[PDB]
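Starting off, we have a lone chain in the form deposited in one PDB entry, written out as structure tokens.
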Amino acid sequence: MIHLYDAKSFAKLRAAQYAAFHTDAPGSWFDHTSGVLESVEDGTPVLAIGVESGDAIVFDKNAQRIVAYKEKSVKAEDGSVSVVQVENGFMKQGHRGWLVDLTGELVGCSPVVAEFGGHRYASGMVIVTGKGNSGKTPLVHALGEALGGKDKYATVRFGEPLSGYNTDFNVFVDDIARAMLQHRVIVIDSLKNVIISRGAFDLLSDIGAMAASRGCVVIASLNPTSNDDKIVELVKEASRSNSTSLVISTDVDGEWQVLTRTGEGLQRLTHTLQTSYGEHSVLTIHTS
């Protein structure tokens, strides 16, 4: 919905957004939205996501697809009306994204998802990309483990000529919905096949916000299949745009740069990462 502000309420909002990243307990936001989701009435649509065609499928709090749901409406504080209707396994009415309010008046944040190596990481979309054929896969997985911390991280595999990899876009989105609905730390191996169909385009556009709202982090690998020219710069551009945080390779081997958007209109941060390989290509991110 839309929000109204004057100098005073605006200053309160910014402080709140600033706190959501800098002072809130890492992962607290995720815990909060988890509570919101489980309090939702059984059978209630909570998430709509677009499929390849452009239509969208709907899920409930248990990551189960909703096939039929008689039209229902809701009136917001803003005075706007939200309406949802699922028919024949497709959203007849409604919009893509979260179908229940997780944020409330607190919007425009990059909820702290985790803390590691002396740095706070934001939830939302995190694109790992840069100089082709580098160690992007090893890096997303190490990051997945580090940010998961005490928790296991979820892995969504898509579009790679390796065993067991799904290459059907509709299964892919189904995997993403389940992931964001049930896990704080998520890895998507190769966004290569997405970058275009309507559903695919919808994904670039919706994922970051969906994740940021849930308070989860989606760490996606994006190796520029394109040339080895300054075309990567265009990819890196289209990435800072659709991402909450960016992670790109550098001149120095094993080194990556992390560019984080800490929130709406807030300062963008940058810190470095040093990594090394161990047995069976398991990558480790040096902390201290």
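Numbering follows the first chain given and starts at 1. Only residues modelled in both forms are compared. Basically, rigid core = biggest C-alpha set you can superpose within 1.5 Å across the two forms. First, how it differs from the form deposited in another entry.
- Here the rigid core is superposed between these two forms, and of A63, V258, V40, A238 the C-alpha of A238 is the only one to shift by 2 Å or more.
- Once you line up the core between these two forms, the Cα of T167 stays within less than 2 Å of where it was.
- Positional change of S134 between these two forms reaches 2 Å or more at the C-alpha, relative to the superposed core.
- Superposition on the rigid core between these two forms places the CA atom of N227 2 Å or more away from its counterpart.
- Taking only residues common to both forms and fitting on the rigid core, the CA shifts of 2 Å or more between these two forms cluster into runs of 3 or more residues at 132-134, 227-238.
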Given for the second form:
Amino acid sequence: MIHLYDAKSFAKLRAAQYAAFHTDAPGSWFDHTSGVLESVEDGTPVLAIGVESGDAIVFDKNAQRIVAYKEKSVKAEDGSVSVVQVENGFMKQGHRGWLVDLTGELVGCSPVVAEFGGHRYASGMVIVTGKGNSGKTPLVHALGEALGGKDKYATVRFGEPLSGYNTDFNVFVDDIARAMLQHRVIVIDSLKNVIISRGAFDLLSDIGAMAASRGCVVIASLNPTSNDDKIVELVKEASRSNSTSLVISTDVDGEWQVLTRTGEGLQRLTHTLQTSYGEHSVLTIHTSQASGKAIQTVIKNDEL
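Mind pulling up the form deposited in another entry next to the form deposited in one PDB entry we just looked at?
Since only the chain itself is given, any partners or molecules it might have are not part of what comes next.
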């Protein structure tokens, strides 16, 4: 909805956003939203995501598709009215994204999703990219395990010429919706095939906000390697504007750079990561700050 502010309320909002990243217990936001989703009336639509055609499919709290739901409205705080209607398995009325309120007045946050190796990591979408020899696939799985901490991480596989890989976009959005509804740490291996249909465009522009709203993190690999300034600019834009965080390789093999948006209007943080391989390509991230916009663009150049 829209929000109204004066100097006081705005300063309070910023303090609260700062806290959502810097001081809140890691993963607490996810726990809170899990509670909100579970308190929902059975059969109530909680998430709508766009399929390839641009239409949207809707899911309930248990990640089951809602095929028929008769028009139902809800008047919000600002007076606006929210409407949701599902017919023949497709949203007739409503919008893409969370269909129930998880944040409230607390918007524009990058809820700390986890802490690892002395660094806090944000929820939302993390795009892993860059050129060079450092491998991306091993990196997303290592990050997924690290941020997962005590919990297992969920893996969504898409568009690779390997066994068992789904290559259908509509099955892909279904897997992603189920993942965000049920797990805090999510790995997506290969955003490459989405990179374009309407559903693919909706996904790039929606996923970061969906995840951040949920308090979960979606770690997605994205290879720039494609000397086609049409697609490459799309890769840089997705990394610059649709990603909550960015993990990009450097000049040194095994070394990565993490750029994190800490919240609405807040500064971006940066830290380095060292890694090494064990058996069967299993990667390990070794354990034992503020960066300017000009610097951000410098890193974006790496993908050219």
